[PDB]
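This document starts with one chain, in the form solved without its partner chain, laid out as C-alpha cells.
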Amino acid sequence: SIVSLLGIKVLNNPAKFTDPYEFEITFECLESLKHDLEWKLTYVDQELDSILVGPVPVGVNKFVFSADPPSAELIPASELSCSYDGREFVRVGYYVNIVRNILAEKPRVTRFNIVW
C-alpha cells in the first residue's frame, strides 16, 4: 500500500452547525505515482468538498483545508475517503452530535486493497 493515511486532525471542534469543517490530513507515500489522490468529505447525503493532490509527494506530507457545511434545505428536519485513480483505498468515519461536536477520539478507519 503506497499511500497510507497517517492521521486526521479536526481543527474547530466543537463548532456551529453553520461553520465550515477545518481538517488537517497527514499521509505517507513510499514511492512516486502517476495519478492523483482524490480526497472527499461527505455528510451521510451531500458531498462537502473534493480536494485533489497530484503529483503525489513522496514521504510524509500534510495539508489543511476548509470545506463548507451541508445545507439544511436538503436535510430532513427530524434528522472522509481517499482514492487513487478512482480506486478508493482508505475511508474514515466519525460520529457527529445547533452546536456540532465531532467525536474525533473514535475514528473508524476502513482500508481497501487496490492496484496502484
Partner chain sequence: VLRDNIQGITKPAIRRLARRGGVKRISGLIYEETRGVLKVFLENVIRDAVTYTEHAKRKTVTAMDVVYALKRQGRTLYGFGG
Contents of the next structure:
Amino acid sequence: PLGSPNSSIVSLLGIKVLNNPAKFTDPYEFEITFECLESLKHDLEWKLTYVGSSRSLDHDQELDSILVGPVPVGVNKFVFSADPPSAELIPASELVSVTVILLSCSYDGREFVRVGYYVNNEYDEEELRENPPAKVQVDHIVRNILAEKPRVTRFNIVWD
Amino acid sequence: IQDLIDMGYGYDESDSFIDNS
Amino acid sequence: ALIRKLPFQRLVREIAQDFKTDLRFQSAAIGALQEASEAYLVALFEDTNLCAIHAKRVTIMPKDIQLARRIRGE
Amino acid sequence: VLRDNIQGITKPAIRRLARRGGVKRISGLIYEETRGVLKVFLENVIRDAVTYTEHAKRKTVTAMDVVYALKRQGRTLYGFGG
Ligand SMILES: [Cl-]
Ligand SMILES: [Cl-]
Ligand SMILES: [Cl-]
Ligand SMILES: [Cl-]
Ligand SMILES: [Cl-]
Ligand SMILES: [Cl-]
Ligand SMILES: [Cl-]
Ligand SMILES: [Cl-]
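Having looked at the form solved without its partner chain, could you now put up the form solved in complex with its partner chain?
Once more the chain from above appears, this time first in line as the rest of the complex follows.
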C-alpha cells in the first residue's frame, strides 16, 4: 500500500552475545531475537563469517551456519552456538588484532540483513601483551566483541 | 528540500561531459 | 559540500568515460553522487574511528578503513 | 584527456571529511587508502546508475538514475529495529 524502503517479512529486534569476553577458541553464543510478519515457505539461513585479514577477502572463514524453520509468525528467539575460527588459517601478524565478524541472514539464498561487529583479540597476560611471543599462543588469547555497537545493514529481497 | 534545489549548482557546465538539456 | 566540485567533476567524468565513453551526466546527477560520496566517506571514518578505539589504539590505520568497509556490509 | 583524477581529491579534503567523522589525526597512509575506497564506491554506484539509464533508452545519466542506484547499497543503521 504505502511506498516503503523496507519490505522485509523478517526483522531483528535484538542480539545478545552470551559469552563476552571469551577465549579465542570458545564457540560464539548468539541469542537472536527477531520478528516474522507472515508465514514463509522456506527456512531462514544464518551465517557467521570471520574476517581473517583486513587486506583481502582471501582469508575469510565461514565459521558456521544454521537453518531455522519453519518460522512461526510473531516474535521468535533462538541461540546460535557458532564454531570458533581456525587460528592456523589466519596470517600470524593479523591474529592478535582487531577484526570484524559478520552475522548475516538470507532467505532462499537472498541475503536481507547483515550484522557487523568489531572484535578485538588480546593476550590475557600483561607480559604477553607487552612482548608478543614469536609463535602465537592461542590459549592465552581473549576476544572482545563490541556487542553494543552492531552495524546492521538491511537489503531488499523478493520473498514469496 | 533546499539541498535538492541547490544540488546541481557549482559545476563546470562548459564540460561536454555535462548535459543539462 | 566538503569537497571542491570541479575536482570531483573530473573524477566522475574519468570513471564514467572509462565505463562507457558514450555517456553524459546532468549537473544534478554529479551533485547527487558527490553528496552520497561525501556522506559515505564521513560514515566510513566514523566506523574507522570506532575500530581503532576497540583495538585500544588512538590513531587510525589503513586496516581500520578496510575493516570499516567490511562491517558496513559492502 | 587527463588521467588519475583520483589525485584531484586533496589531502585537506580527506582530513576535512575525517574530522566530520570524528577522526582528528590521520597518517600519510590514510590518504591513498581513502582515495582507493572512494574510487570503488563511485565505480559501483555509476555502474548501477547506468543500468537504470540504458534501461530507459537514454544516454544521459540523471539525478534520479543515481538515486535508484543508491537505493541498492542497502541501509546501514546503528542498532536493531531502527
Ligand atoms: Cl533487521
Ligand atoms: Cl589492531
Ligand atoms: Cl595482545
Ligand atoms: Cl559491548
Ligand atoms: Cl566547490
Ligand atoms: Cl577540496
Ligand atoms: Cl594497517
Ligand atoms: Cl596538506
